[PDB]
Amino acid sequence: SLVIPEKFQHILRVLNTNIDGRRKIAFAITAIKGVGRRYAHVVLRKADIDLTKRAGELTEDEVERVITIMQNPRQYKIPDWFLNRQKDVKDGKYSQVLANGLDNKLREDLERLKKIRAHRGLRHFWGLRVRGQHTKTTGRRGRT
Amino acid sequence: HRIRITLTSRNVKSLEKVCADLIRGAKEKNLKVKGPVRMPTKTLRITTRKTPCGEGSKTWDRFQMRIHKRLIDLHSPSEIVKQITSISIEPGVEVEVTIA
Amino acid sequence: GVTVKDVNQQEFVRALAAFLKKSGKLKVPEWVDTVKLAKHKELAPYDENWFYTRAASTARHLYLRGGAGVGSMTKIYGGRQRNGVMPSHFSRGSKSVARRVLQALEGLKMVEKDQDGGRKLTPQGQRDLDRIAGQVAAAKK
Amino acid sequence: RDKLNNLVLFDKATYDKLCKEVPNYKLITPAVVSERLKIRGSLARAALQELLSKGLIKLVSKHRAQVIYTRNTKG
Amino acid sequence: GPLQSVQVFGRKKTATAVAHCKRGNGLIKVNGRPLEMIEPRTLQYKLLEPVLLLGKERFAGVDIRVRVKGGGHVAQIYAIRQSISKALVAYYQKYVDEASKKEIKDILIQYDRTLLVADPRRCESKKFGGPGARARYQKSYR
Amino acid sequence: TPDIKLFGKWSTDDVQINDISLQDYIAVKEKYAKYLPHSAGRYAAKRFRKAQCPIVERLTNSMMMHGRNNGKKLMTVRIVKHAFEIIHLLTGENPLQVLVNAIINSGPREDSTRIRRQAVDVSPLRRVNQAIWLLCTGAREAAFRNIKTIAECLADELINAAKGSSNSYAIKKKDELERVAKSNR
Amino acid sequence: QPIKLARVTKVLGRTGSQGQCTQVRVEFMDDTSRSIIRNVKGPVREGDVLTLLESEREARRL
Amino acid sequence: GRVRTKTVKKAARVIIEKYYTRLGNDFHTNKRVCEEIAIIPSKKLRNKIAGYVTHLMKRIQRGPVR
RNA sequence: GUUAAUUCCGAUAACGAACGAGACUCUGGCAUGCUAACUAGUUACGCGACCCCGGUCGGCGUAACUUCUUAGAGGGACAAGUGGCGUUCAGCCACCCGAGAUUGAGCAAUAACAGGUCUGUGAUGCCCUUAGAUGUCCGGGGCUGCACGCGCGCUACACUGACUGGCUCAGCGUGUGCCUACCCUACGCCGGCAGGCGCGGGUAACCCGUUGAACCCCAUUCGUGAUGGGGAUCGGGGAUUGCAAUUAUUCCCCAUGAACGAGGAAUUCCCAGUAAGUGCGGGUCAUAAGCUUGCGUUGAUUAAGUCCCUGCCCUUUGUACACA
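Order-wise, the sequence lines are chains R, Y, S, W, G, V, Z and C. Read in order, the letters of the first sequence correspond to residues 887 to 1030 in our numbering. Read in order, the letters of the second sequence correspond to residues 81 to 180 in our numbering. Read in order, the letters of the third sequence correspond to residues 135 to 275 in our numbering. Read in order, the letters of the fourth sequence correspond to residues 5 to 79 in our numbering. Read in order, the letters of the fifth sequence correspond to residues 71 to 212 in our numbering. Read in order, the letters of the sixth sequence correspond to residues 32 to 216 in our numbering. Read in order, the letters of the seventh sequence correspond to residues 4 to 65 in our numbering. Read in order, the letters of the eighth sequence correspond to residues 5 to 70 in our numbering.
Certain hints may be false.
DEER-style ranges, computed between Cβ atoms [as the list claims (entries may be wrong)]: (1) W:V64 / V:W164: 25 to 35 Å; (2) S:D167 / R:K973: 37 to 47 Å; (3) W:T77 / Z:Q21: 58 to 68 Å; (4) V:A71 / G:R103: 18 to 28 Å.
Straight-line Cα separation of at most 30 Å, DSS-like style, residue types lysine-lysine; simulated pairs [stated by the list, open to error]: (5) G:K99 / V:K65; (6) G:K172 / V:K36; (7) V:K36 / G:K99; (8) G:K139 / G:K196; (9) Y:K162 / Y:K107.
Derived from the structure by calculation, the hints contain no laboratory data. Think of the CB as a built atom: it goes at the ideal place given N, C-alpha and C, for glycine as much as any other residue.
Sequences and hints are given; from them, build the entire structure.
Structure (C-alpha cells):
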C-alpha cells in the first residue's frame, strides 16, 4: 500500500521504449511516441485499470492487456478519431502507431512528397516553414 | 381604440415640446390619456482616424447621434387622433401612429 | 424542512448523484468513458461518473430557472478556450454531451419540455429534490 | 543543476520514522513533509490521510491549496 | 396587522441590490438563500458586520429579502453589506424614534462609512492611443 | 458582538508595539480591527491616509505583485488567513504580535541617498512600508520554484524576522541598507 | 553610542537633489532643551518620533 | 486654483453698488436675489458670482473697500 | 503677492479693448422631492408545486407604486460655515457638515513647417501616355518570399500555479441591407467536435437576454521533474465560406513536444478603481482579431515633492548666431 510492494518495475522496456515506474500510469505511457496524455487515458478505461496507482506496482500479466490496445485499437472499440494515422496513404487503415512504426511511417510521406515534387515536399527539403509562416522575421536559430 | 403614437426625434427639445403638446391637445377633448413612457435612448458611436493619410500621430474621432423615442397611449378612436396630430408638427420629429 | 437554496451547492451535486446511484436507469450513452466534454477541454475527466454528476448538476440548474435548451446548457458548461500561443477566449461546451443529459432526464421522468421549447423540471422531480435537501440540512445539524 | 531525486514509495525505515517522529513535530504539512522526508508530494499527501484515521495527527484547517496537521492533544 | 414594509436600495460600481424590510421574524436571505451560504466564501464575515456589530436582537422583529443583479462578485457582496445596513436604518426611522436609529448608526459610522454612504468610484473611460484609461502604448524612438 | 471583534479568531487586544516611534504608524488596536484583511479602499487617496490602514490589510495589499497575481486580493486574503495558524502552530502565540515584532526588527533606522551618498534617517511611515515590503518579496522568492507553498513562506519569515535570527530575507537587507549608510555618513 | 529617540517639533522644507528628503527641525524626547537639525526621508508629519543611531551628526541649513 | 476671474469679479462689483439693500450675508439668499436681477446664462456662474459677493460681504462690515 | 492659467490683487505713461485660458457642451455622482410607464419592475390578493402556521419558485392573472428600470424639468457646491496664514486684498492650508470641498473628455488663440496626403475624389495647376495606351476588362502569381537587424504586440518560463470537475457574477453595444445577390438568434434532432437538418421569434426596452463572460469560490491529481509548465515546429484525418485555399483561408480530433529556470547595455507607460490581471461588444469580415476602438470584473504598492536629467514658460545678461 503506502509501503513499497513486491516485484519492482522501475523501467518498463515496452516496444523498445523505456517507461519509468516513478510516474503515474496515466502519464508514463506518454513517453511512448504516438500516444500522449489523451490516448493513454482512454486505454485505462478500455480495460478495467485503476489509474490511482504508480507505474511500479501494476502486475506483469495485465500490462500485456495494455499494450495490445496500442497497435490494435479497433477490436477494443476505440473510435477512429483518437488515431494519429487515419486513412493511411497505402493501405487505408485506421490505426494507432506507437513510437517505432511511427517514425517509419514518418519517412515515406516526406519523399513521397519529394518524388511528387510538390510544394509541401520542397519546403521540407530546404527545411523551410511548410504551413505558411513568415520567414522574414522568424526562423533564425537553427539556420545560423 | 387602443392607439399607439410613436414620437421619435433627434433633437431633445423638439421631441420634448411635442410630447407635451399632444398631452395639451388631448386633454382638451378629455379622454383617457396614458403618460409618456421614457424608454432608454440609442447612441451612435463612430470612431475614425482624423488624418486623411496614415501619417502623423494616432488620434480618433467621437461622432455621435443620440436618438430618443417616446410612446404615449391613447384610448380613443382614430377620428380624434387624426385631428390633433396635424397641428403644430415640426420636421425634427418623426411621428408614427398605430391604430392597434 | 428546507429547499435546496438552504443546501450548499458544492456537496449537493454528488448527493443527487447518489440518488442517481440508487436508480441506475439513466440509459447512459456508449461514449461516456471516452469523450472530451468540450472543445476547450483537452483531456478526459478524472472522475469516472461525470455523467451521473453533471445530470445531477443539470437538475439543480433547471430548478432555479426553466425553459433552458441545448444551447443554454453549452453556455453555462462552457469555459476559457486556452488557444495556446493565441489569446484565450470563451468557448461553448459540447452539444451532444448536454443533449444526452436532457435525453437521460426525460428517459426516467425528471424533466419535461416547456412551451416555446426548453426544459423545465417536473413537480415530482422537485418533490424528491426536497427530500435530498432535507437529508443534508439534517446532516449538518 | 540541483535535481531533487525524491522517493516515490515508503521504505521500511521511512514508514517506521513516519509513525514515531512525525507525531512529535508541531507542524505537519505535505509541503514540508515532501521536503524533509525527501519524498514526492503525492507520497507526502497520501501519507497524511491514514494518520488522521489512526488518530496520531489532528486536522485544524483544510483547503484545496494547503492542508495543515499537528500533534495529538497534550492531555 | 399594518404593513411595515421598507424597501431600501443599495448601489455599487455596477451591482445594485435592494433589500425589503417587513415586520416579521429574524431571518436574512439574499436571492432566496441565507447570508451564510454565498460563494466566494473568503468574505463570509463581511456579511456579518451589520449583524455582529449591531446584534441579532436588532434583527428579531425585521425580516429582509434582497434582489441582487449587476456587477461582479465582490461588487455584489459589497452591495449587500451596505444595502442591509441601510435597510435597518430606514425601518427604525420611519416607524419608531431615531434615538434608537442614531445609536445603531454611530456604530456603523465609526466602523466603516461604506455601509451607509456608497463609494462613488466608477471605471472612467478608456482613451485612444493607450490600452487603459491612463496607460499609453510603448513609445518607440528612432 | 458590538463591543469587541475577532479577526477570524484572533484577539483585537493584547497586541503590543515595542518601539514607540512606530506605534502611531501601526494600525492594529482599538479602532482599526476588522474581521477580514479586505475592505472597500479609499486609503490611497490622501497623503497621510495610508497610516491608519490596518497592517494586515497593508501586508495583503502589498502581496499581489509580479504580474499574474495582480488584482487577486480574494486569494491573498486566503494566503494571509492560513498563514496565521502556521504561526500559532509553530510558535504558539498571537500571530498579530509576531507580525508586529517582525515590522520593528526588519525596519532600518537610517538609509543613504544621492544628494557620494549621505545617510539620512527614514520616516516612521517609511520604516513601516519597507519592513512590510522586505518580508513580502522573500516569501515570493522562497515559494518560487519550490515545493513549499506561498502560505508557509509568509509565516516563515515574519516568525524569523520577529526574532531576527538573520535567516529571513528581510533581516539581511535591513542590516545591509544600514551598513551601507553607516559607511558613507 | 546608545540608540536615542528624536521627536519632530517643526518641519523646515524639502531638501535633496530630487526633493527626496525633508529637512526637519527635530526635538529630543530624552531631554527637551537639547535639539538638533537632521534631514529626514519619507513623508513626515508633526507629532512623530525618529530613531537616530547617533545624535552628534547635524544637518546643515540650506 | 479657486481664483475668481475678471468676468466673475466685474459682474459682482456692479451688483453691490446697485442693490445694497437687496443683498444679504449668507450665500443662498443673495444667490436668489441675483437670480432675478441678473441675466446669468448658467447656474455655475450664478453660484460663482454670488459666492464672490459673499466674500466681498465680509470686507464690507469690517470697513471700506477700494 | 496668488493661481492649473496674461488667474486675479496691487502698482503704474499708460488707458480702453480683442482672441485664448477661464467661461461653455457631453458624461459621473446625491434627491423614497415633480412627471410618467401592460415593450420596466416592486408591493399586496387569489391560486399551483414542494417541505415541516411559515418558507421558496424568471409558475400563473389582477389592483396601487416608482425604492430597484428609463429619461425629462428643476435642485444641489459656492472657499459656503469655522480655526489659522496672508497687505488682511488677491488668495492658501486644515476641520465640521455634507454624494461630491480638484471626475473624465470636447472645443481651443497668433504665427510657422516648404511635416504628410496628387495612391480619397466627377479637388486640381503644370509635365507624360492615349489605340500595339501609363485607359477598361479577364487567367495566374505576388505584395506573406529569407544568411540578418530593428519597432508595436500575444503566449509562457509555473505550485500565487498546470489539470479535472462543481459553484457563481457584468456593462457598452449589435442584429433581416436602394445598388446588395449577404442578418442576430430561441427551441427540437444527428455527430466527440468542427459542423449538418428542421421549425419559429426579433427591423429590435418585446427575440437572443435575466445577455447563465472570464475572473472569483470549493473539491481531486501532479510534486520542482524542462514536469500534466510551455505549445513553437510538424504528420494523419474530419467540417464551414467562397467560382477558386496549394504558399498549409479558418475551425475540430489524435499525435510530435523545441527554446524559454525572471532576461545585460539600454529603454517605455502610469499615482485611484489608476496601473496590472481578466473577459465581452464594434471596425476591417463571404470566410475573420495577436491590431485598434469602447465596455465590464478583480483590484493594489508607491508619491502629495523637485529641477538632479529630459524638457517647457517669464525676467535679466552676453553674442562674431539670424536657412538662428
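Verification of the hints:
With their beta carbons about 30 Å apart, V64 of chain W and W164 of chain V fall inside the hinted range of 25 to 35 Å. In this structure the supplied range 37 to 47 Å is violated for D167 of chain S paired with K973 of chain R, their Cβ-Cβ distance being about 25 Å. At roughly 59 Å, the beta carbons of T77 of chain W and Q21 of chain Z sit within the given window of 58 to 68 Å. At about 24 Å, the beta-carbon gap between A71 of chain V and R103 of chain G stays in the expected band of 18 to 28 Å.
Between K99 of chain G and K65 of chain V the CA atoms are separated by roughly 23 Å; this keeps the pair inside 30 Å, and the hint holds. Distance restraint check for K172 of chain G and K36 of chain V: the Cα-Cα separation of roughly 21 Å lies within the 30 Å cut-off, and the hinted pair is therefore satisfied. A threshold of 30 Å between alpha carbons decides the hint, and for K36 of chain V with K99 of chain G the separation of about 23 Å falls inside it, so the pair holds. A C-alpha spacing of about 25 Å is found between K139 of chain G and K196 of chain G, which places the hinted pair at or below 30 Å, so the restraint holds.
With a C-alpha separation of about 15 Å, the suggested pairing of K162 of chain Y with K107 of chain Y holds against the 30 Å cut-off.
When held up to the earlier numbered hints, the structure conflicts with hint 2 and nothing else.
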